[PDB]
Structures are given as C-alpha cells and as structure tokens.
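**Student:** So you can see what is in the structure, the chains are spelled out below.
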Amino acid sequence: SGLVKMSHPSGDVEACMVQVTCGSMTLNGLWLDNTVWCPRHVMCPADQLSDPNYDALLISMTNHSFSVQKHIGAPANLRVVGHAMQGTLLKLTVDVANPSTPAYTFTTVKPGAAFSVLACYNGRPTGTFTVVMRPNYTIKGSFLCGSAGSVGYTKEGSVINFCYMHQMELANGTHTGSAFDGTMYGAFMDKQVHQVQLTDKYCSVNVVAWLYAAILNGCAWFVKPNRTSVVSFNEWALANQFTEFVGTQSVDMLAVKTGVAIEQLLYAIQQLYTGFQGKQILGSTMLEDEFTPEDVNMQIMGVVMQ
Amino acid sequence: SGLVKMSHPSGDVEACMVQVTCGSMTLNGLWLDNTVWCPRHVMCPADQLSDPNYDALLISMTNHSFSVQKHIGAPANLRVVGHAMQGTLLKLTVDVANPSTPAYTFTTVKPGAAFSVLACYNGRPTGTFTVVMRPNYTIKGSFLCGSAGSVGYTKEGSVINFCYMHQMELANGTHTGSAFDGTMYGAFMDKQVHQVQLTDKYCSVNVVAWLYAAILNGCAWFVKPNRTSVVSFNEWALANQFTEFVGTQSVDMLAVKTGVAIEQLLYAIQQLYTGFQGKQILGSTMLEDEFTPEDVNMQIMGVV
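Note that the protein sequences, when read in sequence, are chains A and B.
Counting in PDB author numbering, the first sequence runs from 1 upward without gaps.
Counting in PDB author numbering, the second sequence runs from 1 upward without gaps.
It should be emphasised that the hints constitute simulated quantities derived from the structure, not laboratory data.
Hints are supplied without guarantee of correctness; some may be wrong.
As the list claims (entries may be wrong) - No more than 30 Å apart at the CA atoms, straight line, and that leaves these computed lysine-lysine pairs for BS3-like:
#1 B:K5 - A:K279
#2 B:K279 - A:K201
#3 B:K279 - A:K224
#4 A:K140 - B:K191
#5 B:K201 - A:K279
#6 B:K224 - A:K155
#7 B:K191 - B:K110
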C-alpha cells in the first residue's frame, strides 16, 4: 500500500546519455544505434540566443564542429561522421553503434500523460523524477542551466518510448522541450524572447485516479451517493479550468476494484475544488493531478479472483 | 528552477539486484562482492509469517536451501557457499564476485534524512522513489507484497551508501526495514502481527529548507521581520509534534543566499502550522518536510 511519485528505473537510459560539444558550448545528448540526438541550440553562441538563425548556423558547421564524449559508465570513443537538423533537434551520426541500445519508439505524448525524466549535466545523469505533460504543453520540473538534452521517457515492458528532450525554462519551475520528431511541445520556439504561455488546468482524469487511489488506501470520506454525469462534469470543467474528462479502460478498472462509480468522483471533485472541509486525502489538502490511472493501477496492483 | 521529489539514477544499484529463493518464498537481495544480503523471512513459509521461529528455521537450513538468481541484466547463476543471520537479515556468501559492484559503504540514517529506494519484485527493479526516515522510524513509501529486500541508498560523491533494506508494512502507506547491520529501524519485529508506532512529527529542519526553496522560487509571501529563536522554537516544538531544529552548513548557505535568517522561518512555521488560510507555498497548502537542506541546495544551486 501507499501512493507516492515514482519514476522508472533509469539504468538503460543512463547507458545512452552522452555529452555533446559544439565549439565553446556543451550540453547532453541521447545515443541510440549510430545516432546522437541533441538540442540544436548547442550551435548558438550566447550573444545570439535572442534571434538565432539556425539555418545559417547549420551551414557554418562541418562534422568536425561537433564532438561527443562518453567517459561516464561504459566508456566509448566516438567520432561525428554526419550531421543534420530535424526541427529543433540535431541528429548527429557517429562511427560506433551504442552497444546497449534499448528497444525503443519515438512517440509524442499528450497532455495529462506522465513520463520519467533523467536530468543530466555534462552527460552525467544526476537525478530522476516524474512529470506530467501539462494542458498548456509545459512540464513542472526541476532543471538548471546545462540540463538541455535531458530526456523523458515511458516504458511498456521492455519497450522505451522516448518522448521528451529538454530545451528551456519559461518561468519558475516551468519547462518545455522537444519530441524526438523535432517538434517543440506547445510550438514554443528555441529563441529567447517572450512567448505566450496558455493557462494550466487541472487534469480531471488524473484527479479521478488519485481519488480512487485514496479509496483503495482506506481514505473514502469524500464518497457520497451523489453523481455528476460525464457530460455535466465536462460542461462544468470548461467553466472552471479543468480538462475534459475522457474515460479509459484503466479508469474503469479502478471503478470495478473499488465499487465506486466515476460519476461519484466527478461530483466529489466539484465539491473538493471549493474546499476540503478541514480534512486530508492521502496527506494532501488540495487536489492532486499528476497520478495517472495507469500509475495508480501499477501501484495498487492486485490479483483478481474470477 | 523548480523543486520536485527527485531520486538518484538507479543503474548502479540495478546491477546489484538478485532474487533469493528459499522453499516457497522468493524475495529480493543485494549482491555486492561475494555477498548477497536479503531479509531473513525468506526462510519462513508464508503460512508461518505471524509467529516465525527464526532460530529453528535457521538451524534447519543448509547452503543448498538458498537459490540465488540474477536476471538479464548481465546474466549470472550463483552458488551459495555460506550463510549467516545478522539481526533481521541473512548474509549469504556466493562463489562469484559481482563484476559491477560499485564503490559502497553501509550507513544507518537518522530521522529527517532522505534516501532513494529501488523497488523490486523477484529481483527485478520496477520503480524508484525518494523517502525520508520519519521521526517515528518508519518510511512513507509505496510497496506491495514481494517487495521485501528492496534497497534504499544515498550517493555521496563517488560512493553509494546503502542504508535500508525493505522488510514490512506496518499500516496503510507506512513501512519499515533494516540497516545492513540487520537492525530494524524503529525496533519493529519482522513478524505479521500488529505493532504500535510512535506518533510522527514534522521534520523542522526540512520544513525550513522547503521555505528557503520557496523563497528561491519566487514564493516569499510568508517572510516577516518577526523572529523566533532556535531555543524558543525547540521548546515550542516539544509541545507541538515538531522535531528539534539543529542548524547545519547546508541550511546556513540557504540563509546567506536568500538574506532571510533561520529565525524568521522558525517564526513563520509557528504561524503556518495553524493553517495557510487560502494561500499556497510551492503549490502546496500544507507544510512539506521531505525536502532536505542538501536536496534544496542541489536542486536550486547545483551544489553536488
């Protein structure tokens, strides 16, 4: 029992992290097979970060402009033998294939989805934490200068989905990055100018998951027979900066396990949003929305008599 | 910027995890050098877990009673060539040294100290999270049956300090385990009977660190010129379910960086304990005490 924020074991991703340098600038990259991925802003002199001309920067490079180091973990000696730009990322080709390349995909994640982040500096894995892709296409992380190129991922069995490469900080504790197709989440630009940030929202389906976790952990004071339909809830959500609730198999499994209907927790959310009545839920006195239905199912896993 | 619950990368410890089987029971173990550490209740069949006779069980075992297997991972079989009971742990000697043994030490953590946990089932790592040793010598984690033998540790410079091997659940969301000398944190018994826990307390020094983190993340609304002395705070703490505040260099570095004295934050704590009254600190409406001064200094100033 218990529900806490937890991340995937990081070892197989740690074996893929490298340091990438372009002249005077250094950041992190991800080595898979004969490719190293990194932020294209490694090419940009400090004094040009407010208005980079990335096409001109790329033209100015040769394969010799870049180096890749891996001194940490299983060491490797790598030479850059090709370079290309794909959106907001560089795709470097190296002469040695990573001998510990995991089975992987590159698939962009949607808001409300959680992933593990391996925060790195100078190619050294430093910490790991879990974030949720927010409704405004930011993540709420902990990153300092030099963390660009840190990666985010999920795992399903042995298959890793690489979904995030860190780029920038927008505001205190507010971050964003690229998907591995080279697009930036939220269409933010890798340019240091002001950029519009849409308002964040509570992720309704995750709040529902957390309340189910609470019930499964013997905290059910907020359950009443009162229901709010998914339709009425969604109408309310549009007025109260909650996301649209979309039910899933994962949420349905929690409803079956607890015997409490989704609609009972939608009603509970509307009430708890106005106040917790001097009470706590799983040690919190405010709504929690970064525990997904999948995370709760994994943490409260049980055999089922049939 | 930002402050989040964070754990160490787990790969070095992943490379040390094995499963240990004895009879019908399979748990996790930690393989370092020619030694495998695991919970002693691996000996006790599941139906006997509420009143184990560990001495009688131990007398009945031979080296052949224990099977140790390492999963891919780098593969390894492994033969047990010795065994000893050390408090609530078994220390098994095996015939092959772990070729990926990290630089390590064994430590015993104190209340308020944080460590990373690598949660494992049948020798396979499934997740990692960070906990604090509570003032009542429990931890608040997320563990299911089969997780015993999971490993808690910190990393100091180049060295892993192993400090916890998971043993049991005491109540919902409330766990304990042992140090590697075999001593259970909080002196709880490794048996499946109800055991009373001491009342938990807020970890004062960690609440201070978190308030400093808040100030360093543009959240300083609670700062006033008012002060409460360390001595006066600690008298108040005895009566109000707070631990004794003891200053450290890590805390002083935060005081210097922010220009806000420890005593301003001790006063703030005394007012905030009564409730936040519709206000938030770093996204929370309650006091947070599982961010240590060292964690804050790392996350905010990068001070390895």
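**Student:** Indicate, hint by hint, whether the structure satisfies it.
**Tutor:** Hint-by-hint comparison with the structure:
no., hint, in the structure
1, B:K5 - A:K279, "24 Å, holds"
2, B:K279 - A:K201, "18 Å, holds"
3, B:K279 - A:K224, "28 Å, holds"
4, A:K140 - B:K191, "41 Å, violated"
5, B:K201 - A:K279, "18 Å, holds"
6, B:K224 - A:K155, "47 Å, violated"
7, B:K191 - B:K110, "24 Å, holds"
In summary, the numbered hints that this structure violates are 4, 6.
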